[PDB]
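Quick heads-up: it's one chain on its own, the form deposited without the partner chain, in structure tokens.
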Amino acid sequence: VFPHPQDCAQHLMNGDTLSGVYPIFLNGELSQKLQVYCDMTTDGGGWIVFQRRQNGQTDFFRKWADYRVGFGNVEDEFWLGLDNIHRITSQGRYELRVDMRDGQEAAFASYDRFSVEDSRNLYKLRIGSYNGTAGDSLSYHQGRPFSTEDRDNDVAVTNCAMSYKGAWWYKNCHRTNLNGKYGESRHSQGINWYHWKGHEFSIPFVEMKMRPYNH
């Protein structure tokens, strides 16, 4: 159906049902290949996973350049890269899902719009309306630029990314911190999703993922 799938939903539509690594072609262009991890099972499948935490073996306390280009293994812990996320979210309207787990407990948050702006606009976050079980901890970050420890774009007098061991669309400073320090229970420094587990619990497994709206 789609000779050059531009996301995981188009792969799913072609008949590919197994989660794993797929090439997607941005704007359907053969020359714009990007390797991604497709979640083909959650809520019907078709998701591009663009962030994962699961074991703490990958350092996330990186700099702007690293968050721009991406790092990590898409089969393990990684960040797809802010330029890539901007390009994907510019090719249509995407929804965001955040899946989180703590042992046998699980929760999710979904937003019916998701985009980041370009480099010049500091990758500002845009999210739609919320539904789910984890609580809405991301709307606090609506409209905010991205910040890293070496590039403070937040509206705190402090450096949020340095103080809270992360990289995020910080304001003053956060309700979620999913690029924070793995396993870190000190208040607001770990992998927090406030409305699910507060600021003194670091979530051991999180995935951030996106699929075309109303798929």
The other form holds:
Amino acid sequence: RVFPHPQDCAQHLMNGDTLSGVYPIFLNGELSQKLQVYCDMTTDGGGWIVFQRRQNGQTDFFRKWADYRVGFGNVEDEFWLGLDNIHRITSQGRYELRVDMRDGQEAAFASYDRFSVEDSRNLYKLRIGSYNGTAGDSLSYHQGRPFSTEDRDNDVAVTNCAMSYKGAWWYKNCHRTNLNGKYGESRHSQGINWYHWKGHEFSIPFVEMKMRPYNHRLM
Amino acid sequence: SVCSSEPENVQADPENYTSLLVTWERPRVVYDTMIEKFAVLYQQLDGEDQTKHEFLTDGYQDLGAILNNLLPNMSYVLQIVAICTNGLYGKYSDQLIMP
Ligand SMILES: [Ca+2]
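Moving from the form deposited without the partner chain, what structure would you give for the form deposited with the partner chain bound?
What follows is the entire complex, opening with the chain shown before.
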């Protein structure tokens, strides 16, 4: 294998592991930093680490800071990979973000050619680059904002955005995207929203958030 | 005629003797339009300066406003109304009345 200890899903792909599924990656290629991840090996040539999935509402996403810090759920079903993990992975180099969404047979996506999450001291602030896609650019609203949960309010609203809109996110006052919100909830802004695609009174039944090194475009 | 029902569960909750945490819930019904923002209208109940004031929120999702510079031990009467994108106004909340 070209990469004995792959540090992302794109290095698995280069090894010949081109089937989507669960794989181990090793942060900075060091064996002691093993992390289990789900690799999407088919979207736009493959090589994406999936760090969030919603698909049936059987998993509770209305959790607290400590839960969103460490991660929760099953990587083959609905899950959140963990903010500490996302920070550590996006610090390995320049990553891109892709959000894929589906409503039955209709599909859309949004991509951002830079993606990072800051460390805990900086409250996991979101940094994104330039948009391409079909879903509309609803995530740039959230540029530079810290992460908030129902028990840790870091938004700039008088209200508690995470409590009012049943989620956990980089809230401002409050959101145009709410992908950790309440599954199937059509009430205004409380559900899984991507505003520019379906508005605030439609909850998206399938969504995946995923990341890949920018330099995979060269290969 | 109204573009929404009234904001519900308007709570005053004094933060201290001079600051008021006004919160509400989004109107349950919005008629043929969208809510753009909210206005908080208030005036002193007692004393001699019954001039009403108004504070405008930023956006349609932040369901609250902090009112400061409220004279301590003074009673105030407040109302919240939605401002819709079509220029109409919703039903005014119930009037609500500092330690
Ligand atoms: Ca807040």
